[PDB]
Each structure stands twice: as structure tokens, then as C-alpha cells.
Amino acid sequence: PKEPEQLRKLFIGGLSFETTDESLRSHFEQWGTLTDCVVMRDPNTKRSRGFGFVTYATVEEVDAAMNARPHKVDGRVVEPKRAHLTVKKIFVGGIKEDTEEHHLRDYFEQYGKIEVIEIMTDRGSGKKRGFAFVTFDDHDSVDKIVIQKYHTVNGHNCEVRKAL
């Protein structure tokens, strides 16, 4: 059973206009099997639109490629992103009053490097409100997080979405 193809694609922005299907493929095949690899071009001039996409055989290969950033392709640092609202912060809801910072850290640190954990408390009483924000050092952590169907933190089934 193959993962859905949409989850195996990387949009690559900021390409050199000299990058071709072939040179983009030669670069990104270092991190996995590519089932597709295309540079977007103008239909009339064939001049590069400066972006393209690659599709890996598995999600683990996408992960490998993203963990190998920054990618310098044909002399230019490019901008890969998963199949964009490009943010580094998530909202985590449904954590109730018993969820602590270490619960969130221990779970989310395996998605990316955490810079801020903010457990929300009531302005008047100081009681926990049952949600939190986590800020990572990079957007791919968030992109991996929000495409999961489920997140279980401290026994709670949480709602997780991109924040601001």
C-alpha cells in the first residue's frame, strides 16, 4: 500500500532558470527514488518558471530530502515545501488542565526543533484553558504535524492546526 501521492511530493521554489528535469532529478535522487520530477516552464518560450516538483516513492524519502536542506541545486539555494501557508507555529487544543510543558515537548520534539511552548492560562484566574501553542525553528515540522490524522498527547486526542 503506497502512501497517497500528494504526501510524497515536494514543491521546489527558487530554482535556477538553468535547472532542467534532468538536473533536478540528479540532485534529488540522492535522497530517494523519484517517480516524477518536473521543472515548470512557460508554454510558449520554454523559459523556466523558476519552480518545479519532485515525487518520491515514500514519505520517508520526502523526510530525508527535507532533513538534507539547505539544497543548493545548480548553484542556487532552493526552497522545498511539502504539498502553502508557511508557518512555524501550531495551535494544540483539547489538552485539558492536566497537560504540562514536558508532555508537549516530549511529543512534538520528534517533529522538529522547538523554540517556544506556550500553555494558555486564563487571564483572570490563571487556570489552564486546555490549549497551547508550539513554535518550531522551521516550517516543515508544522507541515508534517498538520497532515497527520491524529495526535495523542498525555492521553488526549488533540486538535492541531497551523497558527498565524
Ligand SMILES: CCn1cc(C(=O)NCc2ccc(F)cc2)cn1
Given for the second form:
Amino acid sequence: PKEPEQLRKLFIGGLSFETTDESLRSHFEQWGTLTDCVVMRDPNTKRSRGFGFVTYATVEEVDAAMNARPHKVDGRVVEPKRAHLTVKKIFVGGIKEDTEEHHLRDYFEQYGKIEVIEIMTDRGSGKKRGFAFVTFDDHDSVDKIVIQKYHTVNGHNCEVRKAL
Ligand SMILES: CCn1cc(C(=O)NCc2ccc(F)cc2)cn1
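For the form solved in complex with the ligand instead of the form solved without the ligand, what are the coordinates?
The next block holds the full complex; its first chain is the one shown before.
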């Protein structure tokens, strides 16, 4: 049963205008089977629009490609993104008053490198408010997190969203 195609796509920005379907494919095939690979071009001039997309056979292959950044394709460092509000911070709700830093860290560190964990407390009483913010060193962590249907931390079913 294949993962939805949308979750297997990488948008690739910042291409060299000399990158082609073939050279984009030869590069990104290093990290998995590509079912699709397209450079976007002007319909009249055929001049590159400077971005394209690749579709892998599996989500684990998307992960491998993102873990191999930075990608230099035909001499230029490109910008791959999954299926954009590009942020490095998430809101984590529903953690109640018994969730601590290490609960959040042990779970979220497997999505990416954590730089900040902020467990929110009441300005007047100091009591925990039941939500937190986690800041990562890179946006792909957040992108992986927010497409999951479920997040379970410290036994709690959590609501997780991009934080701006
Ligand atoms: C950057 C992450 N991301 C990109 C999309 C996307 O659909 N790309 C926009 C686009 C596609 C083709 C065009 F011709 C013009 C614009 C979705 N998420």
C-alpha cells in the first residue's frame, strides 16, 4: 500500500537554469527510486523557471534526500522542501500539567535537532498551562511533524501545529 504521492514529493527551488529533467533525476536518484522528475519551464521560451519537483517511491526515500542536504545540483545549492509556510517552531498542545522537558525532547529529537523547548507557565501563578513550543534548527523537522495524523507524548494525544 503506497504512501500518498503528495507525501513523496520534493519541491526543489533555486535550480540552475541549466538543470534539466535528466540532470535533476541523475542527482536525486542517489537517494531513492524516482517515479517523477520535472524541471518547470516557460511554455513559450522553454527557459527554466528555476524550480522543479521530484517524486520518490517512498517517504523514507524523501527522508534520505532531505538528510543529504545541502544539495549542489549542476553547481548550485538548491532548496528542497516537502509538500509553503517554512518555519522551525511548533506549538504542542494538550500536554497538561505533568509533561516535562525530557518528555518533549525524547520524542521530538527524532524529528530533528532541537534548539529550544519552552514549556508554558501561567504568568501569575507559575502553573503549567498545558502547552509548549519546540524550536528546531531546520524546517524539515517541522514539516515531517505536522503531516502526521497523531502525536503521543507522555501518554497524551497532542495537538501539534506550525508556530509563527
Ligand atoms: C515548497 C513546498 N511546496 C511546493 C508546492 C507546490 O505545489 N508548488 C507550487 C508550484 C508548482 C508548480 C508551478 F508551476 C508553480 C507553483 C507545495 N508545497
